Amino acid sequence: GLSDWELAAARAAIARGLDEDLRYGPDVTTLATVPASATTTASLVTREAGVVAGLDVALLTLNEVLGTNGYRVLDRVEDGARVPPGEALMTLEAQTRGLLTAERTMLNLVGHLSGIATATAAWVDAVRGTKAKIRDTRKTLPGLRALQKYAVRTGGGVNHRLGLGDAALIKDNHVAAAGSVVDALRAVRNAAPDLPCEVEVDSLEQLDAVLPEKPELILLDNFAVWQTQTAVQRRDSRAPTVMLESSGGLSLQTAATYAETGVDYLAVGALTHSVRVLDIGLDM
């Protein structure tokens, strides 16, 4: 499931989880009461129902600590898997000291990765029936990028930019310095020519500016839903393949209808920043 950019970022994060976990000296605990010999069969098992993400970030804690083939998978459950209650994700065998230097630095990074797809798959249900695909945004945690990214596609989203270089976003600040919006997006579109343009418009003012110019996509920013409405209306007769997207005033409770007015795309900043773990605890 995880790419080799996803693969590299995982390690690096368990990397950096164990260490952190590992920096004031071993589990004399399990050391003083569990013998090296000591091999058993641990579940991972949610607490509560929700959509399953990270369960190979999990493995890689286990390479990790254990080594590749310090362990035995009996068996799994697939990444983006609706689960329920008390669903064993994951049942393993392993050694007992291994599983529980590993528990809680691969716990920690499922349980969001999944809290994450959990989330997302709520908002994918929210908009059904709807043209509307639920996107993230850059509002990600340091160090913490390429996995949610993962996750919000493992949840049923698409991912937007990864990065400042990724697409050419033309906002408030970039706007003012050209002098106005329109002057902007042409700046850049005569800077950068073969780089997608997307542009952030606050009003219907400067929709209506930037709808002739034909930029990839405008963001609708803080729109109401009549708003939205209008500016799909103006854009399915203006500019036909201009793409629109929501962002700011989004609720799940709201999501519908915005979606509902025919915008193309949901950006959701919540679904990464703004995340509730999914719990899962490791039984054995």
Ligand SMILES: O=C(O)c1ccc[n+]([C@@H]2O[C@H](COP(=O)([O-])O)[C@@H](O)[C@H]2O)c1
The other form holds:
2 protein chains.
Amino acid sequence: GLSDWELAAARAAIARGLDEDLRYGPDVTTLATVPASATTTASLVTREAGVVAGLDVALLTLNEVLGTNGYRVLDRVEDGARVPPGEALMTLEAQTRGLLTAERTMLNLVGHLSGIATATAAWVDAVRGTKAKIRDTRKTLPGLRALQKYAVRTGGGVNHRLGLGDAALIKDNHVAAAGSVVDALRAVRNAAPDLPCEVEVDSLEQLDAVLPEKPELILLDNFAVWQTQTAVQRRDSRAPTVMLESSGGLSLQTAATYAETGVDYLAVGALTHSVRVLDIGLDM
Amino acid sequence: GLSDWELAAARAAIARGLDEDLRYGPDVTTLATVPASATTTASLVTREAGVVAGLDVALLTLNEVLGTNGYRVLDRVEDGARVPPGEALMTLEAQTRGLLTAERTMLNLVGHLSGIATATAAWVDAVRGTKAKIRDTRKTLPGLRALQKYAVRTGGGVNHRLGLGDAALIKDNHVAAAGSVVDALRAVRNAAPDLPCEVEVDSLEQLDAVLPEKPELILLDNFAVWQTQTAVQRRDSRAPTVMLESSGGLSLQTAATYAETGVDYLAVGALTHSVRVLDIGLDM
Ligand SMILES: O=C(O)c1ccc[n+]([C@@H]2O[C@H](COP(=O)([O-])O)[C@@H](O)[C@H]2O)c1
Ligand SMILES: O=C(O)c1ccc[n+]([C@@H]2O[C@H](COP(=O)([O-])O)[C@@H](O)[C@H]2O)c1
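Please show me the structure of the same protein in the form deposited with the named molecule bound, now that we have looked at it in the form deposited without the named molecule.
Below is the whole assembly, all chains and molecules, this chain first.
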């Protein structure tokens, strides 16, 4: 379900996409070969297996090109469906010219979003049987954040930060300016008491230092599995309320290893930067 | 070098990015811990090897956040440089708060554009010693086409179609409506005699059928290496002037094999959809 916020991001995205395509003129070739009165039944069918996402975004692209009632949906799959290869995600009847113009933007969008959801479902499978939840980052493509965040949620992950003012995140730079990790922490505690504290540590010594300050979340930046295990042992005994999120040296191969240490979350930048498209085509 | 068209796309992209980050509020934590008079020397350094692209976009993000003269570039590498792991792509002196605000958006963009130029340079190496050129497609992310197209060119690729009105591309759908591949070809020849013809064939039978019509470029859709060789043999003998471009079942492992058949280009959709970020950090 696209929130009004997401729905707005989608429209803006679909508009930017159509504008890139039409900027150089209309599809001279459909115009030349296919009549304005032509109508077809087309299907978005997967060329591979995965988790579908962004189907509503496909519909919104048609609204923009054909008008809300310019097409008919004979059938569709729900976003989040695990889908086998030749699956028909959505079947529609629409003026042929409109379909052909909307095609590329619509496939680009849903192929991208399904790619993310597919990847996140893999991560979510990898740590099944563990308490860890898979979470995203702000390492998103400019202009697509709302959509990419939507896709990880669709694949079963949980959204983390939406931007700079979401929560207070004390990093290396801040600790420095404050003097120390506890310094930065206290400062922020007073500046934005209403805001969730998250502190990024890159060593076990920094971990020990902030643990007593009891921030909401500690990010273990590039810890080996063994240091992660230690981190959890320490948190469990000293500051039970602090959440721990692994961030950094994560691969889908190691994901379960990290998950079994008992960390609460896995921060996966790859879900949004580095995405592999889910291959989909429009079959007429 | 960003063209004025690319420069605008860059600005648009950096603007959308910043708006997503600042939509929820300013970086309350830098505000709280770092003074406005603070100034640092920071470096954009790669965590991995690749080909750099999008450095001007980094500077543009700073212009937007610190003002044109809010920073000083002490040193920078040229776009298109092959770069080793700990390489400092660019070293600057700027106001600390500004750097921290720009950071994520800046890294997300150059990371993406470098990821692309990196992958495209690998394809280019792959077909080295062949006459083939690596080309992109319209399988771009919405709002980023101009930038993505820029990066492939930086990696050594050559840009293909920028949009729907670029050239006349007769596909299956057009062939259908026209009746046959030749039908459509003729149709468009009459409708837009000024525009470049490109016809997509998925069989050697279609190839033989269109070859005599002498289109500017024939796209071999999902041809085996053996059928691509054949296609080259026929074009070479029947219509020497016709260019050929392999599209579809291409993998970096098969690239050279396809290239050795003598095709003129390889159309790689993965260069722009499916991109893996070049990991880069801002070190202060
Ligand atoms: O701002 C956030 O919400 C956020 C939360 C957790 C992690 N991150 C970033 O995500 C990185 C780890 O994932 P990856 O795959 O990008 O290496 C981590 O080291 C940070 O640079 C960002
Ligand atoms: O419109 C263009 O400039 C364009 C030029 C060459 C190829 N394409 C598309 O790119 C496809 C091949 O790349 P890929 O990685 O997406 O399978 C090809 O079969 C077409 O459907 C698109």
